[PDB]
Amino acid sequence: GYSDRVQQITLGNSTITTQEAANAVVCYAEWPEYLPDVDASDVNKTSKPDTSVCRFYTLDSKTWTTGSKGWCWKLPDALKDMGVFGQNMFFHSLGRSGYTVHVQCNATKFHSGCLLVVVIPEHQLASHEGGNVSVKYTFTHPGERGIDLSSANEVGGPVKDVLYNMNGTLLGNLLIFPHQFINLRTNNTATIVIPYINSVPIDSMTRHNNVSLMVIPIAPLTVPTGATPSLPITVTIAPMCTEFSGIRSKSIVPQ
Amino acid sequence: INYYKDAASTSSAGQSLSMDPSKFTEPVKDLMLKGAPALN
Amino acid sequence: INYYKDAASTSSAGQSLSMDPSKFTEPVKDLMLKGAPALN
Amino acid sequence: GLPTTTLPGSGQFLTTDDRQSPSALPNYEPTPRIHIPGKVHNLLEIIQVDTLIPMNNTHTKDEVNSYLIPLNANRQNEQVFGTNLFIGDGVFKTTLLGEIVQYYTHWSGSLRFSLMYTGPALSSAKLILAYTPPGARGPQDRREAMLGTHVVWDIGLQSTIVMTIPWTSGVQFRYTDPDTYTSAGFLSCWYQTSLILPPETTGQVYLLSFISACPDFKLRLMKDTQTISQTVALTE
Amino acid sequence: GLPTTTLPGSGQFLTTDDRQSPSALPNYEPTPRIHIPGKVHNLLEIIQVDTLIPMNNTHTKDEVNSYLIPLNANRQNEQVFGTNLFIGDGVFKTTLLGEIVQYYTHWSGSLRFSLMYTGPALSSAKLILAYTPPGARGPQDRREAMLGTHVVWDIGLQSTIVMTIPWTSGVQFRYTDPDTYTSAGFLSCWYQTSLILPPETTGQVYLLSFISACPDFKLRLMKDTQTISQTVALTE
Amino acid sequence: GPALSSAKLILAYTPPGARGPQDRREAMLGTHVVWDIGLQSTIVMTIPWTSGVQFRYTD
Amino acid sequence: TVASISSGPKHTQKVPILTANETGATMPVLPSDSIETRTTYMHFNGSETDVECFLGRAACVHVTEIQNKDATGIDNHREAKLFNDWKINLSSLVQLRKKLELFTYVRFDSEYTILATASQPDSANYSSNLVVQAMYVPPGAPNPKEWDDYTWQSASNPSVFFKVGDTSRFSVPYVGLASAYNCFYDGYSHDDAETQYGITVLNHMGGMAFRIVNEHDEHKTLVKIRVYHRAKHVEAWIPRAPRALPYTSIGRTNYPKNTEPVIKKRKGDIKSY
Ligand SMILES: Cc1cc(CCCCCCCOc2ccc(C3=N[C@@H](C)CO3)cc2)on1
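Residue numbers (UniProt numbering), protein chains in the order written: chain A, 77 to 331; chain B, 30 to 69; chain C, 30 to 69; chain D, 332 to 567; chain E, 332 to 567; chain F, 450 to 508; chain G, 584 to 856.
Take every hint as true, because none was put in to throw you off.
Here are the simulated DSSO-like pairs of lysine-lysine, each with C-alpha atoms no more than 27 Å apart in a straight line:
| id | chain 1 | residue 1 | chain 2 | residue 2 |
| --- | --- | --- | --- | --- |
| 1 | C | 58 | E | 370 |
| 2 | G | 854 | D | 392 |
| 3 | G | 593 | B | 63 |
| 4 | E | 424 | G | 670 |
No lab work stands behind these hints: they were computed from the structure.
Starting from the given sequences, assemble the full structure and let the hints guide the process.
Here is the structure:
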């Protein structure tokens, strides 16, 4: 009586149940694991807070309306302030982590709409100015708020044009990245497990984000007659196999 | 025959002949069998 | 393959892979053990 | 001194030849490799992942909406969409498949075309997808369409339908770039019965459509893509 | 006559290639080697010998005094010295380590920083040395400093203290030449308790400081040093 | 609720030492379960024994 | 290898063509799951789509130019092209760039070919024969100031001398600092509020300097350098969506404003063929 459909994920002191899942994606078919010695470089023993950092943090909720263009969060940024995960983050020189991402959106059998939930490794954004204008730090570190693709261009911020993925590629091809759809008629959640993907064994958690999670409405939300025209979307994310190394004074970052 | 000492100096590599699209085409956690229902 | 008769005409030598810094880093007459006191 | 003779071609530089060269950095030791998920070995590995087709091309500036094929409730017998199968041009051209095919001169193989339905769960519909092999015109009505490769799709719990365009061909390779002799057919879709919405519901519903290549597929003779060009060198 | 084809690069002179050449002096017999103490095989052998760092760089013309870090009796909580760790520049630059690092583009490894105390034997002191890994600012007070790599040094019979800056890094190599992304941290030193001089004694005492590389160390991709140049050829 | 409705609730247990949470952000950092309302009508949350002292008074 | 097996009529409870794309998988459906097929063999291996093959041919990566002329009274050799210099990089020209950016991280050895041809746009009695000297000036090493500085001694820095009209060729090992080169980098060099974003900060490869060794003749001679790059021993990870809009800058993803629709509009209906 197991269905692909019902699932439970327990991680730390927190549990999620979905009764309307559509399997789960594990990026590149690899599950998060700690850093092996053969791959290690820094000689420091690392710190593995385990259950105090590897639990589920639910970010603040978004509201899908008929005019929504899509939202974008960066990792580990989105979690920069969650509990002890965040403290560890500002206090060590280097850290590394994988995540379980669970995006939630329920409706009824009269609604229609379909969101794309995708994880993009190394999502370098484009400046809407063109040329070689850079995208300032603050703009690519929105924190739990994430970036709202239907917000206005700002100065020093990225471009927010959806048919171009914020980088000069077409929305249609985002499907080459680990992703899952939430089609109100099928699905009510999306779950993706992200292994740590980098060109170095461990890195800085503040100067470099290693994935952007993106939720994009593709088939517009259509509510039943005289229904309220909107649904909330909630994102809950859990660091998994986290390791921190090179402890010290506590980083100070712009803004 | 390599005439040179360093590995960078050798010619192109030879075909992976690796080929396994499943990391890209089927990264699902619970295995899906073709023919069985997608969602049970 | 050497094409030439004299030794000077051969290519560069190949790595010493000798490496022993102690003549420079520890030329002391009575051996010092790390962890034992320097001056007894 | 060993006697030699040099042949025609001596001194030429062929950008495609593969030979040994002296290393400028004798004895240098590269950084160790660490493990990174995701290694690609063949472009054939990636063109099997499906991506969305902007089938609804009828707009005037690129929009998320050209990915949506609309469906109308209560129409009978009528046609949902049509396209030829020049995978290197037209709707296909910006898709990952289209985009890679363009790096090669010839392609052969089967294509997989699927449609995922997004209408309310309490609605229902039966569509027919038809592949018309080279030699006939794009079908003009379902009767015409239904006499070639087709699948009656019944919209249900299982949200997507995967149609295969089996390789139908005299010549074993076709050019990517639109050739006549080498042309592959048409793909059309019609209401088999009709879309029906539940009460309290209204308007258009949309289908999303994807394209990817079957394991069947072959691409050969690499060349340059018409999809990218430039007028002056870029700088930092 | 055997048929050949010559490739691109024929006739070039690459200063780094290693091939055979005819000897101009056929059959000449070199002088026998005799034994000489001191043979060097790797530059890695010599960068492990420690040499003095002109830490006290604050003078205006080079002087023996910039090797001396002064210490003041009776100060509490305060800071003895500070420096970043760009081994290819600044204090490090003229040291043997600094001087060799400059012949290579990339370095990786642990550094050994030691301090030898020279104050009267009847004095006493406790200092803290702190290494701050990349990512934070140079510490501004001991509280800040003590939260990173540190050693409380107790001045005693044993005159020197050897602090190691363990390799703390994401990227496995850093440039010698000052790179940001690639930067290595800061090194600071503060009074842990304070220097105390015996009676009949007065003034400043000094610490000498050395730097050498741990056996850990790697240097790669040789290049030319900014440390030497010229405007006309020399003559006899 | 009617069978054709849907809902997702979070239940949170806050162990001794902090105040009753004032908003979900605060609540979600302690023991919690996201409940998805479905066919399966009930959700069972456990308040695991979190305690220094091994017994507490009822009163 | 069979490309298609033989398959006949089906009337089952086992439907391989109905799936749920919401899952993120592309189910491996074949012609034989939905029509009746006959056996056929592949006759093909997929050799020429190997990434080593795809990135393994020489591409032009840079065209620069230097001139041989009397430097007498020139206050800025660099500025007179008495010796140009190039900030090594692999995204200045776009044909190869789009190919590499199909991947996120890439690792390979490089084989460089350098073609140099001379031009004599104004009245010369003859064509002189010039020798070019290209130096590798990695970052941290003195960079040339005049066309005949001590720098050109290049006692520790690899340099090649070849003749104009000829070609020079040598191969450099993978010089990246990490395990792979980042084709993309969503980071900064440090948490600065105004530091540049992108890879510009990561792809610190240093520059390469060209000059003519010859002193000047009576006329002036323009020498134009073309650098070709061939990847050998390629390794690529994490495929990405291909580049759709035009490029504007080395190292940023930025596209131009008021660009044109990249998807071709139908001449007709959705229903059109
Ligand atoms: C004489 C002489 C001249 C030289 C040059 C040595 C080669 C050094 C260049 C190293 C390779 O440089 C790069 C730069 C960028 C990239 C790259 N950028 C991203 C888009 C992808 O790859 C790769 C290699 O060596 N000897």
